[PDB]
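**Student:** Given the sequences, and given the hints that come with them, work out the whole structure.
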Amino acid sequence: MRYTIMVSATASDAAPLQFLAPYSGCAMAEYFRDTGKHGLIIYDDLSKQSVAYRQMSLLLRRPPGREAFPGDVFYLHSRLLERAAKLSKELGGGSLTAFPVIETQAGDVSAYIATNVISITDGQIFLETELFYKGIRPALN
Amino acid sequence: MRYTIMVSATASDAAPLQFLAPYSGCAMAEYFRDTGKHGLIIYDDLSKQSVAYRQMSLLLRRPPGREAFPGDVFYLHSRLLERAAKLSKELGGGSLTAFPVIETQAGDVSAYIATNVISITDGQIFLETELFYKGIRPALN
Amino acid sequence: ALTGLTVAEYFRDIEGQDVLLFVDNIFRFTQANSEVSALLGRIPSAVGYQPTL
Amino acid sequence: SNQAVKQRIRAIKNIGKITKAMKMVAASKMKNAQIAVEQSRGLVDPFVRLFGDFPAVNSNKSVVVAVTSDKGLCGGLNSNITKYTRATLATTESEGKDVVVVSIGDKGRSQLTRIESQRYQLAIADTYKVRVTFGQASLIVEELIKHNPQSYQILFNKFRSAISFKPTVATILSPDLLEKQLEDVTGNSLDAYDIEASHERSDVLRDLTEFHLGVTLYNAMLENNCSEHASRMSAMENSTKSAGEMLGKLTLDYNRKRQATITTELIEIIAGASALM
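Protein chains in written order, with the UniProt record's numbering: chain A, 282 to 422; chain B, 282 to 422; chain C, 262 to 314; chain D, 39 to 315.
One should not assume that every hint holds.
Said to hold, decoys possible - Calculated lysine to any residue pairs in the SDA-like style (CA-CA distance at most 25 Å, straight line):
#  : chain 1 : residue 1 : chain 2 : residue 2
1  : D       : 44        : B       : 411
2  : D       : 44        : A       : 392
3  : D       : 279       : A       : 412
4  : D       : 44        : B       : 407
5  : D       : 279       : A       : 414
6  : A       : 367       : A       : 382
7  : D       : 295       : A       : 387
8  : D       : 218       : D       : 299
9  : D       : 44        : A       : 386
10 : D       : 287       : A       : 306
11 : D       : 204       : D       : 44
12 : D       : 295       : A       : 388
13 : D       : 196       : D       : 299
14 : D       : 295       : B       : 346
15 : B       : 329       : D       : 218
16 : D       : 279       : A       : 382
17 : D       : 295       : B       : 321
What the hints assert, rightly or not - Calculated from the model, a selection of chain D residues having no Cβ within reach of chain A, i.e. all distances over 12 Å:
#  : residue
18 : 45
19 : 48
20 : 67
21 : 69
22 : 83
23 : 152
24 : 213
25 : 223
26 : 249
27 : 282
28 : 291
29 : 297
30 : 298
31 : 301
32 : 309
33 : 312
These aren't lab readings, by the way, just hints derived from the structure by calculation.
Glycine residues also receive a C-beta, built at the ideal position from the N, C-alpha and C atoms.
**Tutor:** This is how it looks when you write it as structure tokens:
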């Protein structure tokens with residue numbers, strides 16, 4: 282905790298706060314990116330920020346798309362994760378490494394938010410239930 | 282091309298020009314039916330005419346139905362395909378033979394526009410993509 | 262995508278020569294107009310898209 | 039397209055209960071036909087402690103038998119015998135010896151012809167339909183005696199347990215055409231015995247090797263039938279495993295399609311109602 286910021290919009294909190302908390306944490310870690318240092322940011326359950334944004338959009342009566350999601354739920358995560366960059370030497374040379382976390386239902390990688398964030402991020406770490414139940418931990422596919 | 286008329290409402294034409302082009306081609310082919318000759322009309326992708334009809338109906342704020350289609354999209358195609366007739370000999374004995382084309386998605390003939398035109402036309406030439414690659418071309422089921 | 266098309270269409274129409282146009286994810290054009298079309302007051306088409314897809 | 043998946047679940051579930059029935063059928067047939075297999079295992083022993091085991095002997099003429107199954111869900115038993123057929127039939131080849139190949143069972147008729155078609159002469163089939171009897175193996179031995187080689191080879195699967203059937207080649211030599219010629223060492227080992235026949239020793243070995251062929255052929259096609267039933271019990275064990283994992287994948291994908299159907303019909307209804315109000 283000497284080096285960590287801990288931003289939390291928990292399950293009891295309002296869906297605007299859960300929608301906004303990865304942007305708040307990204308603005309806090311972009312301080313270290315912009316002044317030449319290096320940041321690590323973990324968005325734990327970006328699949329819950331997408332659900333909070335879907336709540337906000339259907340309560341704003343915006344037209345639901347695939348699964349019910351507003352249609353700019355790709356833009357929600359793309360404009361989030363694009364700030365995880367490695368800057369050039371003229372901008373200080375700072376970096377920001379992102380670890381988005383997406384919970385998957387029964388291993389369905391072909392879900393909407395899952396295939397959204399897969400086509401944003403530079404790689405994946407797949408963790409399987411069949412390797413995790415056998416005790417192979419971390420259950421890295 | 283000595284005997285052929287081509288009525289071309291391409292993808293860059295406006296949505297009322299693609300909705301109305303099967304009716305324009307049916308009217309150009311009804312000349313030969315009404316004056317004792319024989320016509321052959323081919324509506325290539327009636328499933329693309331109904332998407333052009335759905336676009337106008339949703340932008341004229343007519344309320345959407347199945348998949349988004351207007352209620353009168355059965356009447357859209359049955360108005361048009363019933364103009365293909367073999368006339369009586371009092372009217373000249375003329376004839377007009379229609380070949381509507383419908384594209385399915387995964388062999389799913391249970392779609393909205395697919396089940397309408399199956400219900401309108403007399404026959405059906407069902408072409409299968411798995412028969413196509415086994416060598417059987419024409420891939421007629 | 263229309264900007265990249267305009268740059269390609271100058272070389273096709275005015276310079277009069279062969280162009281290679283590579284467009285990475287022309288789907289994002291459709292998805293962007295689908296994000297926009299919700300706020301333009303349009304009735305949505307199939308799955309969630311604009312009526313003018 | 040949502041009813042193609044429900045009927046595919048129907049197909050996979052009916053296949054998965056069919057194969058579970060056939061597994062229990064093969065297990066039922068394996069226990070009440072093991073009560074006839076290790077009964078007949080005894081009589082092979084006096085002929086091997088009398089005549090010995092001479093597989094690689096330089097026969098002029100040889101009749102090799104690969105006794106296989108008739109029905110086909112046995113799971114690579116007959117193909118393993120078809121490969122040991124050539125694996126033991128090339129180890130005979132030392133001087134250009136004549137070979138007749140013969141298959142017992144319908145699934146050997148189709149499989150030896152791919153590898154040895156000119157050396158094929160006979161197909162015995164429909165042998166396990168009622169049961170296997172010794173008069174039947176006697177008639178098959180008779181038709182293998184119509185042409186009279188110097189050696190016999192029988193390839194089958196020795197039913198060890200319900201897990202292992204390690205395949206067996208049993209060898210039967212014609213009476214003094216090669217058998218006593220393989221016995222004479224500083225004298226002979228067959229000359230210890232007092233022949234108590236009616237006629238000479240050349241005829242008691244003539245009768246004794248036909249009896250040895252009948253016993254070996256009977257035990258071979260009995261052990262092969264019991265190993266076939268246990269191989270089918272292990273083959274339909276993997277079929278229900280496959281038809282359960284395919285069923286589970288198909289059930290998950292059906293749940294996805296069910297959820298997506300309810301969501302898309304709901305979005306259609308909401309968009310219809312919102313265009314009026």
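**Student:** If a hint holds in the structure, say so; if it doesn't, say that too.
**Tutor:** For each hint, the structure was consulted:
1. D:44 - B:411: With a Cα-Cα distance of about 20 Å, the restraint between residue 44 of chain D and residue 411 of chain B holds, given a limit of 25 Å.
2. D:44 - A:392: 21 Å, holds
3. D:279 - A:412: 19 Å, holds
4. D:44 - B:407: Within the cut-off at roughly 23 Å; holds.
5. D:279 - A:414: 19 Å, holds
6. A:367 - A:382: It holds: about 20 Å lies between the C-alpha atoms, which stays within 25 Å.
7. D:295 - A:387: 14 Å, holds
8. D:218 - D:299: Violated. Residue 218 of chain D to residue 299 of chain D sits at ~82 Å, over the 25 Å cutoff.
9. D:44 - A:386: Holds, because 21 Å separates the two Cα atoms, which is no more than 25 Å.
10. D:287 - A:306: Not OK: residue 287 of chain D and residue 306 of chain A at ~38 Å, beyond 25 Å, violated.
11. D:204 - D:44: Violated. Residue 204 of chain D to residue 44 of chain D sits at ~43 Å, over the 25 Å cutoff.
12. D:295 - A:388: At roughly 15 Å apart (the allowed maximum being 25 Å), residue 388 of chain A and residue 295 of chain D satisfy the hint.
13. D:196 - D:299: 56 Å, violated
14. D:295 - B:346: 21 Å, holds
15. B:329 - D:218: 89 Å, violated
16. D:279 - A:382: Not satisfied, since the Cα-Cα distance of roughly 33 Å exceeds 25 Å.
17. D:295 - B:321: 41 Å, violated
18. 45: Holds: least Cβ distance 22 Å, greater than 12 Å.
19. 48: It holds; residue 48 of chain D is separated from chain A by about 21 Å at its closest Cβ, greater than 12 Å.
20. 67: Holds, since 35 Å exceeds 12 Å.
21. 69: 34 Å, holds
22. 83: 48 Å, holds
23. 152: The claim holds: residue 152 of chain D sits with its nearest Cβ about 39 Å from chain A, beyond 12 Å.
24. 213: Holds, because the least Cβ-Cβ distance between residue 213 of chain D and chain A comes to about 62 Å, which exceeds 12 Å.
25. 223: Holds, since 60 Å exceeds 12 Å.
26. 249: 57 Å, holds
27. 282: 15 Å, holds
28. 291: The claim is violated: residue 291 of chain D sits with its nearest Cβ about 9 Å from chain A, within 12 Å.
29. 297: Residue 297 of chain D not clear of chain A: closest Cβ-Cβ about 8 Å, inside 12 Å.
30. 298: Non-interface label on residue 298 of chain D violated, nearest chain A Cβ at 7 Å vs cutoff 12 Å.
31. 301: 6 Å, violated
32. 309: The claim is violated: residue 309 of chain D sits with its nearest Cβ about 7 Å from chain A, within 12 Å.
33. 312: Not fine: 8 Å to the nearest Cβ puts residue 312 of chain D too close to chain A.
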